[PDB]
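The chain below stands alone and is given as structure tokens, in the form solved without 5-methoxy-1,3-benzothiazol-2-amine (NZ1).
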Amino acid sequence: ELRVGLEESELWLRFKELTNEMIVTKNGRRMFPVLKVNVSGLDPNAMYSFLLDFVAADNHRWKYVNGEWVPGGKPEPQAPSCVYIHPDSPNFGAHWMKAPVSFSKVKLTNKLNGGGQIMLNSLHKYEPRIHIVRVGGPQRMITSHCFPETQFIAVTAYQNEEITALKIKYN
């Protein structure tokens, strides 16, 4: 059985209990915390690519009103985000299982851009999601996993200073 776990869930949970926020910039901002995933149960000799995308958790715009995030406009359909390919991809199962898979180089933006960076809508809520894609085999296979603990709202600056303070404390 292919097993996927979140590394440092303890920490992500401190962010989640406050309502997590991630900065997006025209050029793209790296995430903190970084999504790091423990994976077991791959074929060590099989060849996999790790993908990351961001599901819009609801159809609404969010706003920070009197120290609290609350839902906003009319329901708008949210198209899926673009996919980020882990730069170690493609790689042997052994490679992916030897250390946590860390998405430290993904950059989040609010502007359609050259490449690399993933465009999100500011003031929307997102749930990170990975796809583990067995490549180069005869038999194609995808396994997906969501990380509720890692949910955030995309912001062009932090609103809740409790988040600002945790970000600095742990970075």
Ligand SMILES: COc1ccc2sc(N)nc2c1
Second form
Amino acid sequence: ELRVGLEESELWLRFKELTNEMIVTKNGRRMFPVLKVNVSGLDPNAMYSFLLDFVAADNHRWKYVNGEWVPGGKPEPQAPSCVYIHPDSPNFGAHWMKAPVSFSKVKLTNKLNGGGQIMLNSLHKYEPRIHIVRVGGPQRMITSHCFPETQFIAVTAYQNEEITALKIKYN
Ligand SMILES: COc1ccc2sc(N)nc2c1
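Complement to the form solved without 5-methoxy-1,3-benzothiazol-2-amine (NZ1): the form solved in complex with 5-methoxy-1,3-benzothiazol-2-amine (NZ1):
Complete assembly follows, chain above in first position.
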């Protein structure tokens, strides 16, 4: 059975209990913490690509009012985010299972851009999600996994200084 787990869930949970924030910039900003995933139960000889996308967790714009994040009253449909391909892709099951799969090079932007960078909606809340795609084989297969512990609001600057302090303490 294919098992997907979050590495350093302890740390992620401390961010989550404060309401996590990730910076987005025109050129794109790397994530901290980095999403790192433990995977077991792949066919070590089979070929797979690791994909990352961001689900809009709700349909609302958020705003930091009197030191607390509060959702707007005017929800709108959220266009799904683009997919980031893990740069080790495609790769053997053995490669993916030998160490945590680390998305250290994904960049989050607020502007439609050349390539690599993933555009997100400013002040919307996101739940990171991966897709494990079996490739090259005759029978294509996809397993998806969400990481609620890794939820965050996309911001152009940090609102809650508790988040800023944790980002610095652990980086
Ligand atoms: C996934 O990134 C985006 C960026 C801007 C907008 S406005 C809208 N309706 N949804 C989105 C999603």
